[PDB]
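S.K.: One-letter residues, chain by chain:
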Amino acid sequence: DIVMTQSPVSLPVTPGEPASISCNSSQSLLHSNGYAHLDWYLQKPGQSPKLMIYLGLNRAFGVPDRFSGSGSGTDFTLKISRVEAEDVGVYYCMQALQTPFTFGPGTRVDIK
Amino acid sequence: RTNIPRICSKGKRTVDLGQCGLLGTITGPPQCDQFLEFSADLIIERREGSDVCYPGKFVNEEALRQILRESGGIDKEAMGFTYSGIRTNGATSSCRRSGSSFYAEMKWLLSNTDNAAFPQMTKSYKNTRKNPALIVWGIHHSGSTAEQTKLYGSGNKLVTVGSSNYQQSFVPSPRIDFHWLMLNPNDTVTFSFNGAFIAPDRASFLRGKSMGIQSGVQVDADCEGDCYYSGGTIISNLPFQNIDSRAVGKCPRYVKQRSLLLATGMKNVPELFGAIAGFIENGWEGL
Amino acid sequence: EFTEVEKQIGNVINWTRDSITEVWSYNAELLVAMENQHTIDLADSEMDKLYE
Amino acid sequence: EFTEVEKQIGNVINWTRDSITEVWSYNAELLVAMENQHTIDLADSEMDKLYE
Amino acid sequence: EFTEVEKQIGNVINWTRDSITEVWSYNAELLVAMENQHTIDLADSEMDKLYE
Amino acid sequence: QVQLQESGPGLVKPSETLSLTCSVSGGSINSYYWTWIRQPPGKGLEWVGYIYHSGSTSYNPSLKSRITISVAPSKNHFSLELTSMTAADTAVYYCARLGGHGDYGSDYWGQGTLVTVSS
Ligand SMILES: *[C@@H]1O[C@H](CO)[C@@H](O)[C@H](O)[C@H]1NC(C)=O
Ligand SMILES: *[C@@H]1O[C@H](CO)[C@@H](O)[C@H](O)[C@H]1NC(C)=O
Ligand SMILES: *[C@@H]1O[C@H](CO)[C@@H](O)[C@H](O)[C@H]1NC(C)=O
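Residue numbers (our numbering), protein chains in the order written: chain G, 20 to 131; chain W, 107 to 393; chain D, 1140 to 1191; chain U, 1140 to 1191; chain A, 1140 to 1191; chain P, 154 to 272.
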């Protein structure tokens, strides 16, 4: 079992800020090549999460350029260079290196 | 010296590829649509058989043919790739099943619209089963730089494939070069690309043991045969032959002499110990 | 037989196959001679054995 | 044995080694049969020499 | 001989030629020894034939 | 695109076997891993186990010997079957294939069905 932790728990945002969410790991999440096996999920309230950042630093389709993941080894951090009203929601980081698969506690990103 | 000029090989699963090439059963041209998941103990090739419909060539094609000949047929398993942000419906006028199409087993990747972009997409596959895989991909060497920019956006293109043992990189030089790979079980291939890439869709898995020939005659189902050469079937219990030295299977070995006669009979004296053709004058006919 | 292998390795394969053909042809000729001589001598020995 | 050689030259090496194995196995079988026959004939010849 | 070939195919060619050299040397030894036996046997057989 | 959609009961008695379904559209189950993401109300996402198209599965160690994920003989249908349903196990069950087993920049989720354990 691989446990997930991240900081902070709730980071409030004003519309228009440089913001940073960091997710840590208890074991180095590097596969045989294949970059670093951690992905970023973003859940709207009362919907399903959709992929924002895959393999730590690559942007998925449909993701605006404001989102930019980064990190290596066991320190992974998501950066947002411009916050609008549609970024409100719980943030989940998932490791996909070895079974079993766990999520983070969740980053409840509120406003103000 | 007498050979049956027909491939009579009953008791064995036999497929006749015809217009289909031996390397084509993985790639999937329009001429190999019924041999995509073939299973046989005798894979016959032909002179007119072409491996590809689009103009191009393989890499280590003789090694891949020697792998496929004893493969016993190939079992296709879908690798599960689906692509978002790029077009996977590329076609050409060279390969035509009903209209302009491409290979059934692999998918040509393009951009959304012409000259727009190409995202850096990286994919992976893990061998769940215990047989070694037969992963093959392709690199599209375009005719012109303008056509390359139209198909895959502006900029240089870099395609690399990595695994536990295989590790290489390819750059197109402005027509399709297919590169295969032997993938051990519990190993993850990595298809990192940002441009021209004939992306795979299904993985070939080897079925067992067989033997392949290269002939030019028809197929029959009457003999119990073991070895077949390029112009028919050679069956005998004799140890030596004179027909062809390139025969494959279990057959007499090739020698240059055309008639080596073993004296099954004894010494003839018609009308070393010194009895026959010795104090005995002549042989007898009434016995 | 249809497409051509690389010329150097193809010439190596033809040289090896021609040498193996020479070895098997010599072995077949010597073998055929050996049991032809042995069959003739065995028939002569059986004839002399029944005579004695 | 540990790190695999290129597939074409490996197939050439295995085909050459298999042909050499066939040649040596046939030569060994013919050798054993020939000298067993010669030893039996030598024993018979020595018995005939003593008898005569 | 003047210009060295690629090393892997050079070792393959040398190994193949050194195996065929051993095969031909062993075959020559058997051929020569067998007929030095057979010439003596034939001469002794002819003398025994004249004797009887 | 491979679109997914799940369905099932919403009123389930305690200590009764749960059974869902998730019918795909746009493709078929002939490749890749199929994941059965759990979400209790107000809590984080919990992975309970993926299933391959061949039949091999890797269940959650915390919920071992309670969930029997199986794929139907039809190749466009795979389902969850949970035994001994608990009132603390009330969650919002999801259905997805996740882009970490393979194709990295592509995933497709379901809609989210509601199950409730009450008498
Ligand atoms: C090898 O010999 C065959 C004839 O047996 C010939 O057709 C072929 O061209 C030769 N290979 C090369 C590379 O010359
Ligand atoms: C050659 O034969 C050996 C067994 O003697 C086998 O392990 C090896 O894989 C063969 N080489 C190739 C290239 O298949
Ligand atoms: C092959 O053997 C010869 C001697 O007969 C030697 O001169 C030559 O260097 C050898 N080739 C290689 C590649 O070592």
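These are calculated hints, taken from the structure and not from any lab test. Some hints here could point you the wrong way.
[Stated by the list, open to error] In silico DSS-like links for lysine-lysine, alpha-carbon gap of 27 Å or less: (1) W/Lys373 x W/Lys356; (2) D/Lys1146 x W/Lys373; (3) W/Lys362 x D/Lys1188; (4) U/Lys1188 x W/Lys236; (5) A/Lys1146 x W/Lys373.
[To be verified] Here are some, though not all, of the chain A residues that point toward chain D, as calculated from beta-carbon distances under 7 Å: (6) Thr1155; (7) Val1162; (8) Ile1179.
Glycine is no exception: its CB is placed at the ideal position from the N, C-alpha and C atoms.
S.K.: Quick one, is the A/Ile1179 hint okay against chain D at 7 Å, beta carbons?
M.R.: Not OK, violated: A/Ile1179 not within 7 Å of chain D, min 14 Å.
S.K.: Does the alpha-carbon distance linking W/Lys362 and D/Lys1188 stay inside the 27 Å limit?
M.R.: 39 Å, violated
S.K.: Has the given pair, U/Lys1188 with W/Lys236, been kept, meaning a C-alpha gap of at most 27 Å?
M.R.: Violated, because 69 Å separates the two Cα atoms, which is more than 27 Å.
S.K.: Given a cut of 7 Å on the nearest C-beta pair, is the interface hint for A/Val1162 held or broken against chain D?
M.R.: This interface hint holds because 6 Å falls under the 7 Å limit.
S.K.: Straight-line Cα separation of D/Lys1146 and W/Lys373 no greater than 27 Å?
M.R.: 51 Å, violated
S.K.: Given the hinted pair W/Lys373 and W/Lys356, is their Cα-Cα distance within 27 Å?
M.R.: 34 Å, violated
S.K.: For the hint on A/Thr1155, does the least C-beta distance to chain D fall short of 7 Å?
M.R.: 6 Å, holds
S.K.: Would you mind confirming whether the straight-line C-alpha gap from A/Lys1146 to W/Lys373 stays at or under 27 Å?
M.R.: 56 Å, violated
The structure does not agree with the numbered hints 1, 2, 3, 4, 5, 8 stated previously, though it agrees with the rest.
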